[PDB]
Amino acid sequence: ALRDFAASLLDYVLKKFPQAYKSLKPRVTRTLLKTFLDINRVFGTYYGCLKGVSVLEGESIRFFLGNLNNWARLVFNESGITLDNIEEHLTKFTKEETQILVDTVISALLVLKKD
Amino acid sequence: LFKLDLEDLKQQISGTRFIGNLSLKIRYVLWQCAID
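Sequences listed follow chains E and K, in order.
Counted the way the entry's author numbering counts, the first sequence spans residues 345 to 434, 443 to 467.
To convert, note that position 33 of the second sequence is 184 in the entry's author numbering; the numbers rise steadily by one, no gaps.
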């Protein structure tokens, strides 16, 4: 609840201050790209990162299209899998939070295919 | 005495997890440079 509230407070300050654009849009998306692109973080930081990606818009979300495949291949361990035993295969997370991640990674991906 | 340090270096780079973390970090630095 706090991640979903603070993510919708970041979008409030990207519109309250549009005169500071190109001075807190690339800074915040660089913070999110820096915090997101690793393996050794806890699940909630990844959830906050993806919701902060969701409260951005446009090509910046497309800017995270390329580096999502290797992110999934490192954080979800599909080492040669054939998508069949996915319910009881995986290693860091539990099943519920992996389902939350696969839900939220397309909750923001719908913005790039609706235009 | 550098043999134990070389073995500690080999202990922290071997496996699948380190090279994939490097592949994430170089993708971060390439996209961060190419953000503008």
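The hints are simulated quantities; they were obtained by calculation from the structure and are not laboratory data.
Don't take each hint at face value.
Taking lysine-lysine pairs in the DSBU-like style, the calculated list, with each CA pair at most 30 Å apart, reads [unchecked claim]: (1) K369/E / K161/K; (2) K447/E / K161/K; (3) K378/E / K161/K; (4) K466/E / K359/E; (5) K176/K / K378/E; (6) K444/E / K176/K; (7) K465/E / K176/K; (8) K161/K / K366/E; (9) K444/E / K161/K.
**OP:** Against the earlier hints, flag every one the structure doesn't satisfy and list their numbers going up.
**Re:** Hint check: 1, 2, 8 fail, others pass.
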